[PDB]
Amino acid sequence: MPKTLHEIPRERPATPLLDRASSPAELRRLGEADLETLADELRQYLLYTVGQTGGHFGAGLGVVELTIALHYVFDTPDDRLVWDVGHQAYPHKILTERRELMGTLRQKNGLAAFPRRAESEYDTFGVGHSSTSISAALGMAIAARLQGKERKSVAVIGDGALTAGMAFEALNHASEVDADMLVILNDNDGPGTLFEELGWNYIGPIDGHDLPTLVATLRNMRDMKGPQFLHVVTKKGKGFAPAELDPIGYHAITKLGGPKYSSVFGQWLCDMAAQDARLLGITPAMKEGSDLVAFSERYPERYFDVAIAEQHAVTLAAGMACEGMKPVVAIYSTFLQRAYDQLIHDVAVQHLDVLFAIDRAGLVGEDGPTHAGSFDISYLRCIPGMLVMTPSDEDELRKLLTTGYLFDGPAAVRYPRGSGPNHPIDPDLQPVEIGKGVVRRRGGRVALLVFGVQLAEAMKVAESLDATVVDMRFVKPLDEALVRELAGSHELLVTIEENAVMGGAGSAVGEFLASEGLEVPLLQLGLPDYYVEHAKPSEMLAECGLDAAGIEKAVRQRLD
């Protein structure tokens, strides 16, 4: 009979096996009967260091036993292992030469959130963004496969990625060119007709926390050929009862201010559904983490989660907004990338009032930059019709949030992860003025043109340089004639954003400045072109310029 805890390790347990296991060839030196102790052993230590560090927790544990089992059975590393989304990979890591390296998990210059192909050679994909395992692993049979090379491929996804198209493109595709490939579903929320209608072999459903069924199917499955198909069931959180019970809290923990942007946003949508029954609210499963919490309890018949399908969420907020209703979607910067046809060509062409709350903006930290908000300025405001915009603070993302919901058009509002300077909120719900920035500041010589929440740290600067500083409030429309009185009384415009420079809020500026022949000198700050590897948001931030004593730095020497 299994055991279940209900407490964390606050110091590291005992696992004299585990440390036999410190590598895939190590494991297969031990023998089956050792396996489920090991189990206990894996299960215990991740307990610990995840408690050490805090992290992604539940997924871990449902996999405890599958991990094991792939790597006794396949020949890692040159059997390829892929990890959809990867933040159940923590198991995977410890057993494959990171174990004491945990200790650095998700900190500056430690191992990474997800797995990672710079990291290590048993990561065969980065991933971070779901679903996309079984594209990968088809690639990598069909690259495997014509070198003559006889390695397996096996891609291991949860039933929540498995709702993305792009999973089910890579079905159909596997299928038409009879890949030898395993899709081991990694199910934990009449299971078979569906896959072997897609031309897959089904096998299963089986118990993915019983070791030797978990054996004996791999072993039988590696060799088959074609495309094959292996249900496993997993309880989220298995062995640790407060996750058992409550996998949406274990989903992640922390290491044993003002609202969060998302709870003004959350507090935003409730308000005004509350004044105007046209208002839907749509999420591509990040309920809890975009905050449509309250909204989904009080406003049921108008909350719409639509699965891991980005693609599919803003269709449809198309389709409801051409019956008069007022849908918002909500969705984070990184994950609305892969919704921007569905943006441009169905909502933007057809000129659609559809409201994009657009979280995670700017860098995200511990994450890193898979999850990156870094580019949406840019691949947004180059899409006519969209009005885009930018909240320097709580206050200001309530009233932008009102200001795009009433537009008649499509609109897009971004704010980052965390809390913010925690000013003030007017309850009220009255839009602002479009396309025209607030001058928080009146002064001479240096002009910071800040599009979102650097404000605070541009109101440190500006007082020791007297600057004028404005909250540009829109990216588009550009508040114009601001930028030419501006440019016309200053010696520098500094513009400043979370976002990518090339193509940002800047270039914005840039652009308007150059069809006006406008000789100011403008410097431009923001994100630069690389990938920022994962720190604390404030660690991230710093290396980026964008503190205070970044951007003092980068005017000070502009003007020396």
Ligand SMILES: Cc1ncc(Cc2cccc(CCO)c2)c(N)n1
Given for the second form:
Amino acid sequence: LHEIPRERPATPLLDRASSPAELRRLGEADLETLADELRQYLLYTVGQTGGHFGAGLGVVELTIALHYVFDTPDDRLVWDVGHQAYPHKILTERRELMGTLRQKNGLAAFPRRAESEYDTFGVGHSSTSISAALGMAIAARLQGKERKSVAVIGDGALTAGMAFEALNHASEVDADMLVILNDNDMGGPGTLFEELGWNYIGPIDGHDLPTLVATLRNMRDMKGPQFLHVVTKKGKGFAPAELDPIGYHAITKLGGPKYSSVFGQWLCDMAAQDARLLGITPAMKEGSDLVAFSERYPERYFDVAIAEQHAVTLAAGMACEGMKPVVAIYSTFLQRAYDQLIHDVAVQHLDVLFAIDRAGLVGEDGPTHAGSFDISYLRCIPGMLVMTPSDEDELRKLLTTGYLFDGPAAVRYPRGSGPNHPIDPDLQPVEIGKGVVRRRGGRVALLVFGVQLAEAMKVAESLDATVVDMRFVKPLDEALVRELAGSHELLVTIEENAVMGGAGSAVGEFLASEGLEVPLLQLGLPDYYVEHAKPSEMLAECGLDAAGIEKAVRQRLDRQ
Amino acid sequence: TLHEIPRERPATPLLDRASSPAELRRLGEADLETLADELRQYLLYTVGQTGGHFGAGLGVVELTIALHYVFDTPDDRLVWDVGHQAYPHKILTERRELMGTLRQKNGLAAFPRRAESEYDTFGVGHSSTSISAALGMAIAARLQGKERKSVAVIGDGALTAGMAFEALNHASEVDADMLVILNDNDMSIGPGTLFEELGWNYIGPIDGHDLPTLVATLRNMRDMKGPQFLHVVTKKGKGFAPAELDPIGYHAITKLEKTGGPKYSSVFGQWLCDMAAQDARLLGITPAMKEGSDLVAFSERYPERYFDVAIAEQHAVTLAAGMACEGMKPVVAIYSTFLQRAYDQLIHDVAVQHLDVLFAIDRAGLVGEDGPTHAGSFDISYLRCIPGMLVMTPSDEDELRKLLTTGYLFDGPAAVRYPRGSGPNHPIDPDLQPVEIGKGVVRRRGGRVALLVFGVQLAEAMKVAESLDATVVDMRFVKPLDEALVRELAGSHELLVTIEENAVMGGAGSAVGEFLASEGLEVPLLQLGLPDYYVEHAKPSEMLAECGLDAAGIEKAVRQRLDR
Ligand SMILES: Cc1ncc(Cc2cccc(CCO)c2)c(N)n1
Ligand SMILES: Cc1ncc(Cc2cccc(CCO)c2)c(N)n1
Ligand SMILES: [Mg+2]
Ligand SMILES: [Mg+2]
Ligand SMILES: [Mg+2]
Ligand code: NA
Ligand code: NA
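Having seen the form solved without the named molecule, please provide the structure of the form deposited with the named molecule bound.
Entire complex below, previous chain first.
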């Protein structure tokens, strides 16, 4: 197919495969035609809603084979990451709900246990599928159940350390489970997995349904750790995607620069000025936007695969020799290198900059990818310099400030673009520990840590509030907070991070320790997992738009 | 091979001539076997004097000599994994006559440490970091045009961690010029197929105690290019027969030549056996810490429900998550400092899904001579900001058992944190019964000052409270917090004091701060806890005093605040 349908294709057989037992009723002769229907409805429905695209086109036949040959949902099927799982959803009672994909109150971006009994594990972060399936298998065995346990994992996901840990452990307990390797990013692998204790079969053609069905059949009942190697084509069945798998990894349905592009430009600009700079990403070159950097400074660019943990200790090692590494990494994925950041960087006070993207609410990918916690989990770590730029110009300057600082520094910023203010093309740092009064008013002061500043300024128009662009969580601008506490009736902290442990709480700690008893209102993300929606809707829910902030401030003021 | 530890200093005229590697490299190969025996004698003596790690260093006496003999250290970079085997390395790097200060306040640290010496390229303690660190130094040196060598020594156990696999793959990708030495002491003297497949030139296994083979092999490999993997085989406790015979007992020892209560970890382990006796669903998981966390008895009684995942904290937690999906009841036994490494798995695979998994967090707080690399300083801070977590802090043995029962019965993610060591030895109710969630326990009614204690500083706080006539609350829960008790005390007292063995920043005391601020309660608030720096190693009692967490420290802080 060469152009995505705009009208609901006719799929009479797929309308008979609404669920795995219904599908299993059909005969193998129909499976190939079913795959044409499925592929077609998928291209259609993702045209309607936008979403992940090329990877699910790659697993159409594999997903049909899997539900054909296995007794789902009693047989446990774990999809790694989940971006490839739209065919799975279409085949598990959610075909007609696909119109809701990634809309508020609609189907989630990934498999989700609460969404369907056919989803055994909520995924999004990669590489968790083997560990989870092994755990389900260890339990089924003790329970004397006879269910099967299958993980479909891609070749990128397999570069992650936890996947190695799971494969080793599965061998240790001689677990009866199947790992299917959906190899698409394409010489001689079998002996490796055999050395790890896994029975290796393959590689087989992942769009050759009769061979998939038969091979799956023989392996369904084999015992112990089984490893099937399947090969697929990303975007299979859609030429524009087969030829551009990067750009068709996700499609939007039929302003200023992105913060990540501001970072990428700062990265090239500093590299041109300082040969010490090294750029590190764990398999997120496009998203963190190291693209130009990687083309212009190839010998100083490191893609460590999906190995967040090694990315960080690697950088500690580089800094030991006087190089200046910059680890580009999303807030949600830095969760996975927390120990390397604490033990290998911060404990040694090594000179490493973390450029933390996707900080705050990330929109439709939902809570598995939210950057809700990095202020809280980093600021309790001694030695960290922790920064929250408010716009594009501030991101450029605080990156420069952290880079030049001799020690560990973190700069957090959101997905998407900003208020599109002017960016100074100089590369100069700003004073560490100092906020910027953006607005002198009275009565109530808004202490903003990050990109809600523009909403705070709108609120302060009507309330004539003081507004501060705090810039630093740690070290906090203690002298400004102390003056503001002595001259206002209310301090209001604002952040796109958990309130619990977050930046407002550092203000709170500082007020308590000096016995300053001024009222404090902490605005931030609440203590729950925010359901997927447009970014603007998640922020409105969390009260971090101008109307939410104004309502909270006015209420607190009316109560004292 | 010896059988007794020397009580006075051995005669080591050749080791006395090898006070640094440069001096060592001026000796001849024919001297090295005698140096090896003198080093071993010295090692036995000085660890007998100070206490410290023992058997693993015995295992690397010959390898350490060979390494500093063949490599141009400190210019050539040597990274020791974990570092508990690195006493022979310190003895040879200008520190021999300092080993009397080992693991003492202001003495040598437990592990290699960059600030301690130019011969330590990387601070270690946690495991499996050496290959990543050495690869980064190899990459940097090459971009700088330096011709220096990069060497990582890693034990067979550390190679079970995922980050070691991630580093072995990436080193292959960049075709790095480095040497990984696998110090394998679970084998005795096929075997390299794994490393060969990951792009590494594999050599061995060789005899890690044959200095002539070690020196010649190392010399050949020093000069080869690309990712080089040398497989060496050593014996636990080599050359000291009691440690060869009992390498668990001789992993570490006390200085040569009072009853107390049971260790918190042993209370935990008893709880685990008792609850497994009653609930066939309970499964116990440890990431290679059976002795430390103390699943020994449980492993023997319930072996089909005991899982040691090796040094694989990350997989430990996701494996629990998958177990909980089939209705089983995993308990992850994991140190606070090591749980740092599975944080993404706890957040994304457990909390986000609200799966019923219990975390028994040992080594909460300061851990003593092992130092800041192992400190359990942050787990209240990094867990309480996570939606869905039930976060508990028992004050003594009976409270620890009660709060393990409470977190288990809870259907959802729950955490119970307790320190190394033993407690104040209060009686322990043999029942298995919970307590109510989110409710503290008033231990003393006084006036003016209320001490809100999260954890095991309660006995010291009681001493202060008796001196001041203060109120004392055993809070039990950081999340959900006993908001009603806190509200009441904030109205009836002039000062609230929180005490916890965790970073003040983001800590349980800050949860009290947040609550007061959100309700507009304006009572003065003094937060006592761990300060914003890495506390240098010392006895636990000395580290607590430094931080203000003994009764003297608490009282001085409180009195000082009351004087304004
Ligand atoms: C732990 C973890 N780290 C990073 C990602 C993002 C990612 C990078 C590369 C490939 C993929 C697969 C499809 O995109 C995902 C993740 N999902 N989980
Ligand atoms: C990440 C990490 N996890 C656990 C340990 C504790 C440990 C378990 C097994 C073997 C060893 C080696 C010597 O004891 C240490 C650690 N050091 N680092
Ligand atoms: Mg892939
Ligand atoms: Mg070992
Ligand atoms: Mg011992
Ligand atoms: Na600016
Ligand atoms: Na160095």
